[PDB]
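*Asks:* Spelled out, the chains give:
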Amino acid sequence: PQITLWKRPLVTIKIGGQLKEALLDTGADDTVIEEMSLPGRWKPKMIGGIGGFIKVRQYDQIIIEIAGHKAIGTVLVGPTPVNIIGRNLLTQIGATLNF
Amino acid sequence: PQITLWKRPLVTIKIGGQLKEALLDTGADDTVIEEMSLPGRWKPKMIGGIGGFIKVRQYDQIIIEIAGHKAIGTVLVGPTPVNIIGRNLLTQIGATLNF
Amino acid sequence: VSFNXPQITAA
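Residue numbers (my numbering), protein chains in the order written: chain A, 351 to 449; chain B, 351 to 449; chain C, 29 to 39.
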């Protein structure tokens, strides 16, 4: 894919057998998804962005598909306004920014 | 260029006569810069992000030079924790996400 | 209005 930015770079992801919409975000270190059930143990994390900080649950070794590309990595779950795919998984799918 | 995402995609920008560092953020609708003076009229705006909203000043028709590339558009000024170049100016420098 | 998602972990 070559994705221009005239519109939000929204793609379909698959996690836990479910399709969701998520934003590809080069400005995010991590991947953060809205409240959902994921398997295994979790650990606490605080993440911060433009309006302050939020508490999230960190799940490791989650299988996820991003616009058709498979990844396995860390997913944070919490009250984000939008599902965000950050650099930890954009690097797995080989994404670059080009101009 | 082609920027990989192993690290944050930070570049040098020139705005209002000042050099600043800023994050190329495909997950940002807008360009948001830490407190600085800019010319012309402005209006207050609320923008949201991962931890809630902040109040900013919106200035129009501002020219920024981004890693060597000039672009013109709206710039928001306010208490953001990081300078961000968002889609409104990324489109103007021809940036795309590719994988 | 207008949503802007930089994010970083922690402290």
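If you are wondering where the hints come from, they were derived from the structure by calculation, not from laboratory data. A few of these clues could be false.
What the hints assert, rightly or not - Result set (EDC-like, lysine to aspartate or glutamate): computed pairs, CA atoms no more than 16 Å apart in a straight line:
(1) A:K357 - A:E415
(2) B:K393 - B:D410
(3) A:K357 - B:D379
(4) B:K357 - A:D379
(5) B:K370 - B:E384
(6) A:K370 - A:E384
Unchecked claim - Facing chain C, from chain B, some residues (calculated, C-beta under 8 Å):
(7) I353
(8) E385
(9) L388
(10) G398
(11) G436
The beta-carbon is built from N, C-alpha and C at its ideal position, and this holds for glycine as well.
*Asks:* Indicate, hint by hint, whether the structure satisfies it.
*Replies:* Comparing the hints with the structure gives:
| no. | hint | verdict |
| --- | --- | --- |
| 1 | A:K357 - A:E415 | violated, 22 Å |
| 2 | B:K393 - B:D410 | holds, 10 Å |
| 3 | A:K357 - B:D379 | holds, 9 Å |
| 4 | B:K357 - A:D379 | holds, 9 Å |
| 5 | B:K370 - B:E384 | holds, 10 Å |
| 6 | A:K370 - A:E384 | holds, 10 Å |
| 7 | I353 | violated, 16 Å |
| 8 | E385 | violated, 16 Å |
| 9 | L388 | violated, 18 Å |
| 10 | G398 | holds, 5 Å |
| 11 | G436 | holds, 6 Å |
Checked against the numbered hints given earlier, this structure breaks hints 1, 7, 8, 9; the rest are met.
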